[PDB]
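Q: For chain A, the structure is supplied; the task is to place chains B and C with the ligands on it using the hints.
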Amino acid sequence: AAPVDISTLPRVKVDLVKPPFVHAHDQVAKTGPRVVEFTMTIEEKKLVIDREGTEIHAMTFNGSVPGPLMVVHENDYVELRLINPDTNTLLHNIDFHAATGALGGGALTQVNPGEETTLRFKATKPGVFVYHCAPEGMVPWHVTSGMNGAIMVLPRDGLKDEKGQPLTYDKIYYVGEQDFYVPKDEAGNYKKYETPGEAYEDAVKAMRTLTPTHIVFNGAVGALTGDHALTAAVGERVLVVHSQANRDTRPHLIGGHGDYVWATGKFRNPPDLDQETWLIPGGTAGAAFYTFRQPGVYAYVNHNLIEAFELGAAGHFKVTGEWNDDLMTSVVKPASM
Amino acid sequence: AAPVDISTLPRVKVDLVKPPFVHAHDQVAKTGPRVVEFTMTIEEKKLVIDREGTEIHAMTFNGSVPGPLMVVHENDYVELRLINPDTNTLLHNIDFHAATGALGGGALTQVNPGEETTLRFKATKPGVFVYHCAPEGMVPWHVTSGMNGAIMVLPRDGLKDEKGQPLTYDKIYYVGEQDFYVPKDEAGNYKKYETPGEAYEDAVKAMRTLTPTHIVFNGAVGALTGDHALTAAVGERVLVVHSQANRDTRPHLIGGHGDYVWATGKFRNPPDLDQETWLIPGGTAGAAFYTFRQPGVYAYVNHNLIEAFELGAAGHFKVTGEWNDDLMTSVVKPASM
Amino acid sequence: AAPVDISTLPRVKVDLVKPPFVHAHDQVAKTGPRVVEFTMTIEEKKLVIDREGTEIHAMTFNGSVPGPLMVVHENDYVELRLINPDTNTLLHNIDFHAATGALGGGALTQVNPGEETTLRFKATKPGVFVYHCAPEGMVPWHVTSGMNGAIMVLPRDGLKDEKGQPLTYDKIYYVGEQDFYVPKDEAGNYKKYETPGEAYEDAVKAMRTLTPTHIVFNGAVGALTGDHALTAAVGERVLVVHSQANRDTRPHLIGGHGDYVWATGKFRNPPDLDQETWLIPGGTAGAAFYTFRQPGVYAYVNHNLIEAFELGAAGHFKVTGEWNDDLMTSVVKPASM
Ligand SMILES: O=N[O-]
Ligand SMILES: O=N[O-]
Ligand SMILES: O=N[O-]
Ligand SMILES: [Cu+2]
Ligand SMILES: [Cu+2]
Ligand SMILES: [Cu+2]
Ligand SMILES: [Cu+2]
Ligand SMILES: [Cu+2]
Ligand SMILES: [Cu+2]
Numbered sequence: 071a072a073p074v075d076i077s078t079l080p081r082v083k084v085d086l087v088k089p090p091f092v093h094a095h096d097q098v099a100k101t102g103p104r105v106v107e108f109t110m111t112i113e114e115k116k117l118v119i120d121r122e123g124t125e126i127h128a129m130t131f132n133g134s135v136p137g138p139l140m141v142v143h144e145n146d147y148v149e150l151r152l153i154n155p156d157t158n159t160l161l162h163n164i165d166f167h168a169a170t171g172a173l174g175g176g177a178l179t180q181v182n183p184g185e186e187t188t189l190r191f192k193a194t195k196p197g198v199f200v201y202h203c204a205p206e207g208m209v210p211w212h213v214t215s216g217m218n219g220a221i222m223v224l225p226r227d228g229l230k231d232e233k234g235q236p237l238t239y240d241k242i243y244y245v246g247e248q249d250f251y252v253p254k255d256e257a258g259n260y261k262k263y264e265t266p267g268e269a270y271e272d273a274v275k276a277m278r279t280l281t282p283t284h285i286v287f288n289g290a291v292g293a294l295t296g297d298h299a300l301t302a303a304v305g306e307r308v309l310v311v312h313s314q315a316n317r318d319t320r321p322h323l324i325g326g327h328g329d330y331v332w333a334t335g336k337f338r339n340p341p342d343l344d345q346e347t348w349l350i351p352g353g354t355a356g357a358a359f360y361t362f363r364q365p366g367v368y369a370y371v372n373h374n375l376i377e378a379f380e381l382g383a384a385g386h387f388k389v390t391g392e393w394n395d396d397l398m399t400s401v402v403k404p405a406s407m
Numbered sequence: 071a072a073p074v075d076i077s078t079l080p081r082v083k084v085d086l087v088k089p090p091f092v093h094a095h096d097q098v099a100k101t102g103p104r105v106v107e108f109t110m111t112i113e114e115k116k117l118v119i120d121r122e123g124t125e126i127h128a129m130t131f132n133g134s135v136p137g138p139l140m141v142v143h144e145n146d147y148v149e150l151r152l153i154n155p156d157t158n159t160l161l162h163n164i165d166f167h168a169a170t171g172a173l174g175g176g177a178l179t180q181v182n183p184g185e186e187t188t189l190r191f192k193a194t195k196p197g198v199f200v201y202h203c204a205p206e207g208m209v210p211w212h213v214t215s216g217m218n219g220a221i222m223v224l225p226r227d228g229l230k231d232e233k234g235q236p237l238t239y240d241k242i243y244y245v246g247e248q249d250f251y252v253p254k255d256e257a258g259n260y261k262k263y264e265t266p267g268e269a270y271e272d273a274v275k276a277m278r279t280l281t282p283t284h285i286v287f288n289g290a291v292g293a294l295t296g297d298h299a300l301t302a303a304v305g306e307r308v309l310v311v312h313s314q315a316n317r318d319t320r321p322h323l324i325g326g327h328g329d330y331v332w333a334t335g336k337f338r339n340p341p342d343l344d345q346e347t348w349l350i351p352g353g354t355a356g357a358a359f360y361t362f363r364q365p366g367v368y369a370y371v372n373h374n375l376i377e378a379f380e381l382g383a384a385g386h387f388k389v390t391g392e393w394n395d396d397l398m399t400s401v402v403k404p405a406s407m
Numbered sequence: 071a072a073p074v075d076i077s078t079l080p081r082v083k084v085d086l087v088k089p090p091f092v093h094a095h096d097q098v099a100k101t102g103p104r105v106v107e108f109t110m111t112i113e114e115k116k117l118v119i120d121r122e123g124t125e126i127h128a129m130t131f132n133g134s135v136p137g138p139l140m141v142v143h144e145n146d147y148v149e150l151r152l153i154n155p156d157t158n159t160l161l162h163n164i165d166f167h168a169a170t171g172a173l174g175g176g177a178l179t180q181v182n183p184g185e186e187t188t189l190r191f192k193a194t195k196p197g198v199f200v201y202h203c204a205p206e207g208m209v210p211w212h213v214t215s216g217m218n219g220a221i222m223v224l225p226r227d228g229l230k231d232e233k234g235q236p237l238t239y240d241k242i243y244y245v246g247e248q249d250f251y252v253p254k255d256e257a258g259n260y261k262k263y264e265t266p267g268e269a270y271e272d273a274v275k276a277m278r279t280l281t282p283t284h285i286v287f288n289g290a291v292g293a294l295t296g297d298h299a300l301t302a303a304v305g306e307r308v309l310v311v312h313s314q315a316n317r318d319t320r321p322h323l324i325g326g327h328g329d330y331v332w333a334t335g336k337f338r339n340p341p342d343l344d345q346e347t348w349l350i351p352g353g354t355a356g357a358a359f360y361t362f363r364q365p366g367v368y369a370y371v372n373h374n375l376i377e378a379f380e381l382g383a384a385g386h387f388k389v390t391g392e393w394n395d396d397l398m399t400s401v402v403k404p405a406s407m
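These protein sequences, in sequence, are chains A, B and C.
So the first sequence is numbered by our numbering: it starts at 71 and just counts up by one.
So the second sequence is numbered by our numbering: it starts at 71 and just counts up by one.
So the third sequence is numbered by our numbering: it starts at 71 and just counts up by one.
Careful, some of the hints might be misleading.
If chains are identical, the list can't say which one is meant, so a pair holds when it fits in one copy or spans any two.
Simulated crosslink set (SDA-like; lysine to any residue; CA at most 25 Å straight-line) [said to hold, decoys possible]:
id, residue 1, residue 2
1, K403, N182
2, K403, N158
3, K403, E206
4, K115, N259
5, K275, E256
6, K115, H93
7, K83, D395
8, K403, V74
9, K403, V84
10, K88, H386
11, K275, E125
12, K116, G292
13, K403, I76
14, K403, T194
15, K403, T157
16, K83, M407
Honestly, the hints are just simulated from the structure, not real lab data.
Bound conformation, chain A alone:
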């Protein structure tokens, strides 16, 4: 039996958006299988990651930490043009956990500054998956410099609950959680470096402590707060895709739940119901579906609360609508007696 002639399939070009937003897509596939075309441009850039002003040299897909969320359906082909402009200094590549073969693509996509490449793979398994740079011999340095994102491979008939009934989200957000290892001197202050090569050994030393200096959502402390808080309305169904390319996390919606959670991200499995908190292992993307029931502020965190509130792994939702006093009320407001 001969393979399909891939040139006979539809091609659709996706235009990516910056996290936590997600490029519009259809949950249930409205066409047959397609070759879904993506382009990303690698950008090495300085980023300020905390309120103190700590500035690092980040390594990004498309200018953001995390890289953007890509969305396809099961048995589509993903065709990525990966560009490493000559304004960068390092070698990069890309590994898709969604893909099969060649170290997820990394063995086929090594691009020096001034080079580009195009990789195609068939997205044979539904789920959310990490993608990340992984140059042989310097893999964790690139990943923990921010060079990771995620791809969602939807079932062609959309998401389903534990009984096989549909689950349809109204909104989707992508939270990439990044552990950074900013090198410290003996007194505990961050060091700064003149070139990437001069940074490398202390970057390795800092990583080998296994103790992040910062753990952030969307690339910085506070990034998903204030004017950039996530939003929803009461009654809205929201999917939050959450990735961590290098270290475990334990997401939690403060004031809510994960009504349906694929903690390790793979949609052929029935979701776990009614979660308070769930474990997304390092190297994984997970997804949680929730229908909001109360308005107000929520905090969405890694529930190692030190990691959340001291190291950065906390964002907010601002939710609009009516308050339900049956679900919760202050019977007696705080008072002296």
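A: For chains B and C with the ligands alone, kept in the frame of chain A given last:
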């Protein structure tokens, strides 16, 4: 459609017990939905947490670390009177992971010393859940000072196995596992502090190491041993609820199993069978059901064995009854030859 | 009702093999229940664990880290003769997480140098399980010196998928992952020690940091690479059993998946499908089944990539067969433009 008039519902007052014991309750609900009334009094107090005599300033619900286990059924209302006496010095509140809205209750329950408040919420999801103090801006300090416990929301028809058959426990225990971060000087000795404000920065520094100094059950090294070992008889069905409000744990019954385990604690999901060890993520309560088959001593641990046997995360069961040589026997006792 | 007379049952002697290989066995039981006889000889020995030449004093079952994989079926009896030769210096024992009673066997198997013992237990629960030494008062020291392995208790009708259909592996490998805590001086160099007693306090100090110095597969950095890479052919079904007796891990096949994964190792549960990465809690064995679809090199890692590529937790597969360009292809090889 109008809401139910909650004043028409039965009220029942619960009288809490100190962990690891659990206030008597009925597994299968013997009434319709009720407003279940609880009272807890916050107590800041010194606690000796290890064999060396290390003394910390703990922040407790009801005088214990962990706070007591509360038990209700799905779609009961929990009505908690939370009292912060004027003998305390700090601001406190309470967040229930079982609840929906207002940061689990924390936004509605801020009490200064000399204040009290009453919160009501509907327990809409079955499972075991963490509760903890969470004052904005100093959340992990309160949690990791011991200010956390758990609530069990039973299905109205009790627990069920993976096939839908009942599971009925004979005994229940609540193991709260606490990570403490006692500040250390450069030589490695614990520091002591004159006031909570003078402690705060080094408490933050110590937490940011992400390395607990102590990890204990029921508030101290050895608390669940000796005259306070857990007990059972051969053939008894025991549910062990285990919470960790801030850091992952991996419980294990040495010499036994978790016959049915809800590792992330939520009873609408079928349990995992025959577990040796299970991962309870930080910010979660889990529950394990076991039928004892052999007498003797067991050790119940976090199976990072350093955490268990060096840092404190180990308790014991003393089990009474007949020894089964079919299940295990010494064929040849240790000997020279 | 009287117990079975165990002397009426067949006895079969197993001859163990060194990891990552596994002693031949039948997936589906070809006999009724048997007493399966194993012998292991404890060996304390020096091991070089990294490329730098760091040499530790390891504590082994049968000369290897990990100890060999034992394989039986559900409701067989395991009868282990455990020998501690007089050439060793320490007390040892064995705890099987598969067993019920007497701290998994440890209370019955304490052997001084020059002693042996024989333990029997009934393997009543199917799954992969850790076994490890656990001498009272010095448990984590022995475990983290390498004194751990695993046992697989197969269902009598072999493995099944989430729908109850058979899963049959063609190849099985056992990856034991070991966290070592080599004591460091203040400058960060490893210390060496003249006797085990002189090592003990700093071993304890090093363990209490909770920061491994090395995390390795099969006892050393690079052990499962080069001439000792794992092998498969395209189309082959491979089961990888993975244990970690003391600390969480998150395995990942780089370029592949876990098609069916029992992350916490217990076969009465349906497997998780299509995993990218899975969490094996410390104190647990897990198992992943994969059918290879592409040839070439794969890296099998703990996907804390620092742990993998800096601390040692990485091995390789070399896979033989045809490349499938439908599944993945380089459309445009890296080039300037
Ligand atoms: O109650 N959430 O931190
Ligand atoms: O065998 N339990 O540590
Ligand atoms: O893409 N695996 O590191
Ligand atoms: Cu890169
Ligand atoms: Cu990866
Ligand atoms: Cu408090
Ligand atoms: Cu919380
Ligand atoms: Cu030993
Ligand atoms: Cu153990």
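Q: Go through the copies and call it for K115 and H93: within, between, both or neither, with a Cα cutoff of 25 Å.
A: within (23 Å within a copy, 53 Å between copies)
Q: When no copy is specified for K83 and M407, does a C-alpha distance of 25 Å or less occur within a copy, between copies, both, or neither?
A: So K83 and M407 pass the 25 Å test across copies only (21 Å; inside, 66 Å).
Q: For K116 vs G292, is the C-alpha pair at or below 25 Å within one copy, between two copies, both, or neither?
A: within (17 Å within a copy, 35 Å between copies)
Q: Reference check for the pair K403 and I76, CA-CA at most 25 Å: within, between, both, or neither?
A: Answer is between; shortest inter-copy Cα gap is 18 Å, intra-copy 66 Å.
Q: Between the shortest in-copy and the shortest cross-copy C-alpha distance, which are at most 25 Å for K275 and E256: within, between, both, or neither?
A: The answer is both: 12 Å in one copy and 15 Å across copies each meet 25 Å.
Q: Using 25 Å as the alpha carbon limit, work out where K403 and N158 are close: within a copy, between copies, both or neither.
A: between (57 Å within a copy, 19 Å between copies)
Q: From the Cα coordinates, with 25 Å as the cut-off, is the pair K115 and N259 best called within, between, both, or neither?
A: This pair counts as within: shortest intra-copy Cα distance 22 Å, inter-copy 35 Å.
Q: Regarding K403 and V84, is the shortest C-alpha distance of 25 Å or less found within a copy, between copies, in both, or in neither?
A: between (51 Å within a copy, 22 Å between copies)
Q: First find the shortest C-alpha distance between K88 and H386 inside one copy, then the shortest across copies, and answer within, between, both or neither for a cut-off of 25 Å.
A: within (18 Å within a copy, 35 Å between copies)
Q: For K403 and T157, with the copy left unspecified, which applies at a CA distance of at most 25 Å: within, between, both, or neither?
A: Between copies, since 20 Å is at most 25 Å while 59 Å is not.
Q: If the cutoff is 25 Å on CA atoms, where do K275 and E125 land: within, between, both or neither? Let me know, please.
A: Result: close both inside a copy and across copies, 19 Å intra and 21 Å inter.
Q: Can you tell me if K83 and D395 fall within 25 Å by alpha carbon in one copy, between copies, both or neither?
A: The answer is between: 21 Å across copies meets 25 Å, while 47 Å in one copy does not.
Checked against the numbered hints listed earlier, the structure breaks none of them; every hint is satisfied.
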